[PDB]
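S.K.: Next come the chains, spelled out residue by residue.
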Amino acid sequence: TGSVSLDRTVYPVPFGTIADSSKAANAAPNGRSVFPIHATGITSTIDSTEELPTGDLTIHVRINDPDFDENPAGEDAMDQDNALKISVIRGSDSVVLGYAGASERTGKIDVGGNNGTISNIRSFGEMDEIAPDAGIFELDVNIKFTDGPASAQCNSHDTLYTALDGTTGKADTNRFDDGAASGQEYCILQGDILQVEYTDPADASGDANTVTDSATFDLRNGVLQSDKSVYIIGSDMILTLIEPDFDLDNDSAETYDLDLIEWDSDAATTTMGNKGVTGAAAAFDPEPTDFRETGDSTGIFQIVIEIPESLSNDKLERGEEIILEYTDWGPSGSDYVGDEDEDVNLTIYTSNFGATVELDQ
Amino acid sequence: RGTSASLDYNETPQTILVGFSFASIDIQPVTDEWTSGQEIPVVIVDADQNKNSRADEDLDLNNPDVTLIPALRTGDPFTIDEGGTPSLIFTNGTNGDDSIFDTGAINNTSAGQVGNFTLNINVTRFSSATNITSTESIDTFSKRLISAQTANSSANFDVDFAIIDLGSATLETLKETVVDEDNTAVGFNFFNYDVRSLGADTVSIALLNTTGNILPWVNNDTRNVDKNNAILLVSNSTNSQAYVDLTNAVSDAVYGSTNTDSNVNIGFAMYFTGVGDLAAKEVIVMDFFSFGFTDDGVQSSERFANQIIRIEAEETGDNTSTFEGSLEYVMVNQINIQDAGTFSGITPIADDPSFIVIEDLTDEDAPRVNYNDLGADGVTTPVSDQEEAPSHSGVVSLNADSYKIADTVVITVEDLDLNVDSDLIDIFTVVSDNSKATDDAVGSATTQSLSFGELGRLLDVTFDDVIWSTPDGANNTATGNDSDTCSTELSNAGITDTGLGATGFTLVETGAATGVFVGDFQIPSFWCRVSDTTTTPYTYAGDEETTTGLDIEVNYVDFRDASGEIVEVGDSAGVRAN
Amino acid sequence: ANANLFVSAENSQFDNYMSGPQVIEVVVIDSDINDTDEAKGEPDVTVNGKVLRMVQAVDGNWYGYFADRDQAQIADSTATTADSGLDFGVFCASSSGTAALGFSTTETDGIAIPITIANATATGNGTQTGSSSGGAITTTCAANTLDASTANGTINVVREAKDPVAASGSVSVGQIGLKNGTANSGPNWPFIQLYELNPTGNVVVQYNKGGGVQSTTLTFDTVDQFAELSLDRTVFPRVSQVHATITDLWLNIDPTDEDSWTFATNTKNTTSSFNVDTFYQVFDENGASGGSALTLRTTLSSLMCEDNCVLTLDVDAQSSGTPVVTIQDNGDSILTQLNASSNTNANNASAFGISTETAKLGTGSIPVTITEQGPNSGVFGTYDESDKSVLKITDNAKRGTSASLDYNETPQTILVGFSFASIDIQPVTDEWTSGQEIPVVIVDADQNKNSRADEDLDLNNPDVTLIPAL
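These protein sequence lines are chains B, A and F, in that order. The numbers in the first sequence follow the entry's author numbering, run straight up by one, and end at 1373. The numbers in the second sequence follow the entry's author numbering, run straight up by one, and end at 1012. The numbers in the third sequence follow the entry's author numbering, run straight up by one, and end at 506.
Isolated chain B (complex conformation):
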């Protein structure tokens, strides 16, 4: 019997960039699927150098079919045509991402399987066996924030759809078999169910059989953490960020700009990154230079930061209130990325001790 499995029970909602929207440049997302820096990092307009890269999450599909393991100690590939179907469902409406198992070919996105002709559907190619004696085939497929059912909640962004066929146009028909309904745009919302369809050519009974695995899209709040509350100026700050939705790929550890966090104190207010004030990023000397995820399937991001003795042309004082605030853009109450702009901050104290002065006599 064939079986299909997914890496994670839940997956984060993908996010796009400014170039994926036809709206004019704005200092705020204005409901778009954009993940920019905290307001102080943007100068009146969000451009390509001040937002996170494209957030197409890469889901890996795995099947366990010993029938396709024809070679016990050799390479095997699932060559059955269109045996795997990847689709996204939101209630009563369904959209299919593509087909797998046949030869890789160019195609558009079908909605609800309305297109009878299968050659017009995008094909991801034949899945490759993970190990010569395993029998499990894995295919890596990325899902864009546009690859979802049409809805009116996503009209806030005049989305530009990347073409999946040979044409270079950015129109809706280039990526999807049919244009979106007037007043609605293709997108993925919170709570949407991601499902994988695999048709086994031969089960234990040697006939056709359909198996399914499901995952749910979700968005979670972000919370900072530190190993301790007080810090000596110039010491090492183990800044730990625990937030699930940044774990886009379970097979690798991604990196994200430190600019998402901001320095807020009496000395200065800066994003502590390359987009901050002059001489800022040097003061902390990040190691690594950006937020780095602890493990490929953990979702926790950590980075070593040094407490600056001076932020920008002025020193940092003892007992100063240190505020580390970052904007999630994806809180629990957000239907999608860029809907709610909730911010979360952390309080950090500096070392205070008695500076007693004594004389010999």
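Derived from the structure by calculation, the hints contain no laboratory data. Some hints here could point you the wrong way.
[What the hints assert, rightly or not] Okay, derived cross-link-like pairs now, BS3-like style, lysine-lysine, Cα gap no bigger than 25 Å in a straight line: (1) B:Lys1327 to B:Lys1287; (2) A:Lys609 to B:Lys1182; (3) B:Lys1182 to B:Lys1120; (4) B:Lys1120 to A:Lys609; (5) B:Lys1287 to A:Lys715; (6) A:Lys577 to A:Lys715; (7) F:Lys76 to F:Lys86; (8) A:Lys870 to F:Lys304; (9) F:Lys198 to F:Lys76.
Fit chains A and F to the given chain B structure using the hints.
M.R.: What follows is chains A and F alone, placed relative to chain B:
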């Protein structure tokens, strides 16, 4: 299989059985981890390839008799069969003056390497007075093209041209592997070809692009549908085996046409001399290679390494079915990622080939070698083996917690991924170039600015968290509180160790394959502090200060951590004084 | 362990392999037939079953030289001028031995004699150059070709053949009937008998004598697995001689002579017309004029040279503007600093070249000459009998900077560095009283610049930079 002949002597006939054997390709690392710069044997046991019991049989792509060769590939390299089954023909005649084979030359010039291909055909004296067609076959793993044709070897036979079309392949099927070197941050294109079976004195290869059919070919004087249809790659090479770096002209010409890439086909051309005899079977192997990364290059989507590797296994003994080979792999680092020599220095076709690894390929993506085989039953079942090539977290530390003046500090860097050859001693020099932002840093002069810092920055030594650099360039004119310049002050103090480059501090590997690099230098009494690191060349302070009491810190830039990404690690120490 | 038959290619170091245009010397050192005054017979020596004509020399040993026909023809195709390069002389048909050499040579595939042709007919005279594509030869040679020769001794692959036994009474020249017996300068001796051999196929040399035959097996295949290059040390001081030991079987073309090869190793001379090349017998083994230089870069492919017959040199791996390796004139070379301008010095390796062959070995190109350590050892060295290397580390070399030398496509790095010394005074007892000579021990690897000789410190020697003082 199974049909046999009976040879009889002394009225005791012996039966000559024909047959096949179950093979088993195995990769045996010398230890429990296949780290970079470690040549490990590859053992292939296949009695089908042992066709002579009194001699040694060596596998060869150029030998049509050797039907099956093990192969390894990563990414999507552009082989000869990416567009399906190709069509190859042979032609005799003259190229003429309006041809890229004669007028063209390798000079990285648009006119020099890109032009038009024209020819005239005189095949009346040939059999049937027609172009020499052939039967084309492709191997599933080595991707070798085997050409079957009439085995005419008469003295009057003379053939010069050879035109081959890659089935339905187009510029779209080529741009997935061939990348634009001008637009990508880091990217190189390589062309590997093997035409040794032809036995030609000189070999010339050109790339053809046209919106119509390749067979039969046309001429400029006949039609003007295509503005340009010839891109010269190899011109009169004396070696049939060559792995040459393509010039930027080829990459520009690939993207140099404004027409639709899907509406124009691609063709491959051959011109050679001294091939007046053709065997029954001929083999043509010529693929495209590509390596590099785009933008920040931290995610796996922007890291690509398209190559195909074939192992030339050699028989162990005269009558031993065990064929022995070996695999080499170098893990690319931040220093050699911008140098085309390290990509061109690998051997694609040899008994001990080498290949590039861009990411800590483990689990399902581990480097896997493929080898077809005819089993004892008679099916062509494949046998494959894989070995993980993970990365390691570089650790750098100093021998002591505190150091005196001229205490001869030594830097010990243990990271097995920087070993790029098990034979040669791996070394890393220090950059001495004021113009580049990586001045006085270990690495290479070439450097690109990214989100993780400088590409050419490998290791730095810092006093008081300030990089130790020698005053140079036009930004060292500051004199400070006095009228003496920092460089002049250091010269007066007698400190010839004005910087990292002055000391000659370089990283040298402990052994051939140890993977641990040892470097050392003496701490100077006086050093020149850098006023600001935000400009190149660095602007130095006008007065020197004594290094005692300051904390000496090193920073080894690790291009690939244990998970296979950039992690900044260093060690700390203090310059003691009494 | 043969008793009488000795073959040049027989070598346990290189496992009896043979490759390229090598001429193989066959000597039969037999005490039973060593005398040269009696009308003795020719010993029965055959290779692969084909008889090999033997000539008795003044030393009482019978000599015979053979080589592959295709390889010999391909090599002679590069002999633009006579007595230069891999010149095998003039080829003739196997049936022409009786008319030319005076004795039958039917059982061979062609003979290469050092004659020259004055009437170059298309039928009655051999090929002075030979077909570049190889294959069988049908051109015949006759007595009139001998009588019309204007220069005898064009063969340059066998240069030290022994003098044939002079004719006297009942004994003919070589006891087999050579017309002219002048060795190394005549038209008959030496001459090579060509044979058809198969690459990767064994070659069996046979000597038939009473009481038991003696047979030697040689393998005729590419020998790249044995071509290796080694350096005497690992770290090299500022001025130390750079010694190269080239253990290559293929380079031993002449068995009876020490062989000299010249290479153009400049890997960064980006001139279009210049390419890395190899040359044969530019200089003699004594450093004299060895003849003209001829191209071999485009011919090595057909000469069984799989990445084992080319030399290229890298002088600055890091391209830091500090050259590391340079070249000099030696006793086995005639190198000349063409760029004698006072602005530059001996460190500019591109300033050196060869006057006679400036066309390809001119300024730049780094002309490098190597000579064999022995006539038939198959091991070549840059260093001469005076220990003066062809390569030096530059005196102004920056510490840490290294150069790499390339042979067999196996780079060899030439690092630059030093070692920690320790000078110690060890008295014979617990007190250093007057009139007691006590040893002084200095351990310094920097001053040990030669691994095959004794280095003595000297104030008068500028090379000895550092001397202890009190």
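S.K.: Would the pair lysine 1327 (chain B) and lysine 1287 (chain B) pass a check requiring their Cα atoms to be no farther apart than 25 Å?
M.R.: Holds: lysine 1327 (chain B) and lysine 1287 (chain B) sit about 21 Å apart, inside 25 Å.
S.K.: Can you confirm whether the C-alpha distance between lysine 609 (chain A) and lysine 1182 (chain B) stays at or below 25 Å?
M.R.: 20 Å, holds
S.K.: Would you check the hint for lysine 1120 (chain B) and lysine 609 (chain A), treating anything up to 25 Å between C-alpha atoms as holding?
M.R.: 21 Å, holds
S.K.: Quick one, are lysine 198 (chain F) and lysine 76 (chain F) close enough, alpha carbons at most 25 Å?
M.R.: 18 Å, holds
S.K.: Taking 25 Å as the top limit, are the C-alpha atoms of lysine 577 (chain A) and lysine 715 (chain A) close enough?
M.R.: The given pair, whose Cα atoms are some 16 Å apart, holds under the 25 Å limit.
S.K.: Would the hint linking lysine 76 (chain F) and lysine 86 (chain F) be met if the CA-CA limit is 25 Å?
M.R.: Holds. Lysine 76 (chain F) to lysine 86 (chain F) sits at ~22 Å (cutoff 25 Å).
S.K.: Does the alpha-carbon distance linking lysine 870 (chain A) and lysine 304 (chain F) stay inside the 25 Å limit?
M.R.: 23 Å, holds
S.K.: Would the pair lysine 1287 (chain B) and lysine 715 (chain A) pass a check requiring their Cα atoms to be no farther apart than 25 Å?
M.R.: Distance ~64 Å between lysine 1287 (chain B) and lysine 715 (chain A) Cα, so the pair is violated.
S.K.: For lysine 1182 (chain B) and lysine 1120 (chain B), compute the direct alpha-carbon distance and say whether it is at most 25 Å.
M.R.: 13 Å, holds
Hint 5 from the earlier list is the only one contradicted by this structure; the remaining hints agree with it.
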